[PDB]
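Novice: Each chain is listed here by its residues.
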Amino acid sequence: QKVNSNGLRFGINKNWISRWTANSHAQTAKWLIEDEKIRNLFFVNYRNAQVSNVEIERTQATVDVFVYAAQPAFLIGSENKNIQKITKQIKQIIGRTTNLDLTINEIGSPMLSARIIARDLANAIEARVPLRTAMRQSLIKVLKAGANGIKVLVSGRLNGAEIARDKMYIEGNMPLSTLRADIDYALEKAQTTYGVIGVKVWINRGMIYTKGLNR
Amino acid sequence: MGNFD
Amino acid sequence: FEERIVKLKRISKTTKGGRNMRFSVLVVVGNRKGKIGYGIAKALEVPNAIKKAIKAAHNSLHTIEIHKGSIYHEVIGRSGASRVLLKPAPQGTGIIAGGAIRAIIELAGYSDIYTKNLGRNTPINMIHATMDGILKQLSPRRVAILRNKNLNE
Amino acid sequence: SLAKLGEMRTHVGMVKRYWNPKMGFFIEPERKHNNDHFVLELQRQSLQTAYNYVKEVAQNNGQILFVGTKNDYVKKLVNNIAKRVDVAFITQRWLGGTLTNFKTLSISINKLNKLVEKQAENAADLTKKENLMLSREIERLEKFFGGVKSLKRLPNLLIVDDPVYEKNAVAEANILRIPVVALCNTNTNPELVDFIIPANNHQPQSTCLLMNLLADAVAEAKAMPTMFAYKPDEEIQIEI
RNA sequence: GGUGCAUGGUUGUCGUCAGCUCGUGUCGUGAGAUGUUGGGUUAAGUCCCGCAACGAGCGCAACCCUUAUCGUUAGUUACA
RNA sequence: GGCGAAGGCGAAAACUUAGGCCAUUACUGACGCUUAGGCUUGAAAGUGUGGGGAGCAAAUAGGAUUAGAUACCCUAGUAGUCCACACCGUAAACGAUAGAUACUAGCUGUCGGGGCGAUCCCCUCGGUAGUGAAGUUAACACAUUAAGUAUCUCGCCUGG
RNA sequence: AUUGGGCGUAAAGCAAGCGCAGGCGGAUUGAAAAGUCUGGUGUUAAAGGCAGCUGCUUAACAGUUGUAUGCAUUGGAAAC
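Residue numbers (the entry's author numbering), protein chains in the order written: chain B, 3 to 217; chain E, 163 to 167; chain D, 66 to 218; chain A, 19 to 258.
Because the hints were derived from the structure by calculation, they are not lab data.
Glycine residues also receive a C-beta, built at the ideal position from the N, C-alpha and C atoms.
Where hints are given, some of them may not hold.
Sample of chain D residues at the chain B side, in silico, Cβ under 10 Å [stated by the list, open to error]: (1) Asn-85; (2) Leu-109; (3) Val-111.
Can you make the complete structure from the sequences, with help from the hints?
Specialist: If you want it as structure tokens, here you go:
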């Protein structure tokens, strides 16, 4: 019905995640067709570390994966027993085309990033959690960080079949008249034996001064 | 309520 | 306090498109020491309505007498032709009343009373009939003072 | 003396043929003027009882509120008096939802104080629009609920010129068992109000001296110099 | 390959519309009403007035980019 | 606004009559009320007996037009419609609101008597409404003129 | 539906009136005590209601004891 929240304020007022440029229709086609897959496969299996995002920097046959993990201890493990297979699998998924040069750094305030929240909610959905209890736990976690208004919506069944109940949430400051609100939005499609469930999280990150232009 | 308490 | 829910009703409003439900829950809070309240809550989430009704009943507690866990006189309550029988009973005999009536009398900290639930017995009607049958109770000493002659009658 | 009959030469009659028969004990037989006249002796006794009662309760610093919402004259007098002495007063009408809950007043006064300190620390550094708007809401809210910011407890007694004229507020006082004094004219119920004061408001002298006497009672109850407690000087004021 | 009343998303849509609501209080014995209601004032539930309504969210106006006026760094392969 | 128990009722002149209120220090001193049944009255329309043909109008018919018509729009037109007598003995005959009895805040109305006195201002005694109190009905609302309170009386009602 | 119903809007007041028998009952005085309750006696069976006890190797079954309203007769009640 409406345009994506991350397709309106992102790209003209919000910092990008994938930042790369080179000659088009020659090699950047492979870049575009490969970076999305590697980013998705990072989240597919490595949910233990609860990484937030990886910034991709593809400029003249080099890539710099800016890894941000809330709990990089899973990646570190013991005597770096996990980074070896991580490096080897990124090498396999990237081939001999470009350098890897992965980095390790802790991300500040990952709670405001709904991507990890969407990942946890999808894990809960595929773990057969009560919906109300999951929503209450998400509310507890977000109020622990003291964030702004949060909207957690669900599309699909309610642990049943042939949906026949009502649901409607509008909570918290979500201003659209002002373009200085800085609200992010994440969506995740979790799978269960009865179908697919779409969890949507809108998170307001609060107003800050001198915004309206991308940093 | 004659007295105050 | 027991916080036992006594009723849950599926209600809704009609629009030109869909139908917006606001199903309600009615609960009673009673410590069995003489503080009784009833609260209703209309919401969209069952636990939310439950907690709202619980809090409303907690703030709506009203004091009642505790005299040997029984009324010292017979009385016939009535709330719109919905009459309730309140005939005092001996101790150690057993409670003979309706499920809502038994819940009300137990949460009130009372003993066995010969009752009967006739007339319109809608849950709210039952609550009204019971409260009318219990709000008119007095104190025998006070009733004695309210007359020229004192007899503790 | 207190509640003397010297000022009670124009003190009877407020309305005609709009009366409650349940108020007949506090009044004297009617005249051709059809004004509902008041007995000046039972009124004096009730005034003395109310005076000593409020003196006793406010000597222990009981919370007292003022509600005077007449057109211009009694309202202006209440404003001047309640501004002269540091007392609580609400000279405007009642929209409800305030007296019922202290929680409905705590947040209100917190926001009021926050806006006051913001305007004290703001010097049009933001745009003029926001500063002017904030000052406008401050003035608007303080014009009704702005005369009372010194209370930290529940009210204990209320003063109203006419309960039916402010029945909503009376309802807000009916939930609590606190007493209340009122200048009942002829059409009130002596069960929702504890203190019955048979008096009129069609004359300036009656209502003005009643309000001033109550104000002096409250002031002297707070260990303050006496102004009008036994003075025979009848101050002359006309409705204007 | 069927399965879009098993579905996620997606779309134009009433509509760029101002309606839709959260809590608290009052009243009803409940469906609920008071806001959401009336006079002004706007594209507008923007506000005022009266006002059992009170605070708050939602859409709104300001926060984005061209245009008019000027200043500024500012130069060709522009001015010449 | 009124009369009469409910129908129903207005140009006037007259004929006999009741009922209706008020006070009644005068009169019997219990003679009171209701009441199965029976009886009386009982709108409008219809039936039979002669005027009747002013109008209206049933039976209709014509035109119009309905994909539509024993109707709709208009016209020609029929017993009846009015008067006197027998057969209506019937209805939202409803105040959708049984009768009678006595009592129960208060404000604004109407008139007749009573007075003050010019009617006019006022109130008393009776018919007559509205606002509105308690109380009650689920509410509507009734609201001392109740759809209130209680008693007597019959009649009715127990899913359609 | 005599405890234990209503008859305006759910079905529930004949169209209304006279209206007999009959029903109800305005205060008080006298009597009968006619109705009423009480007091005495008797009538009220067997089984069986009620409770104590009894043989039922507790238990079904049955038996003892007193006991279930009510009626006749006799002395009253003045409240109805």
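Novice: Are the hints correct? Go through all of them and say.
Specialist: Hint check results:
| no. | hint | result |
| --- | --- | --- |
| 1 | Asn-85 | holds, 7 Å |
| 2 | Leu-109 | holds, 7 Å |
| 3 | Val-111 | holds, 8 Å |
Comparing the model with each numbered hint stated earlier shows that all of them hold.
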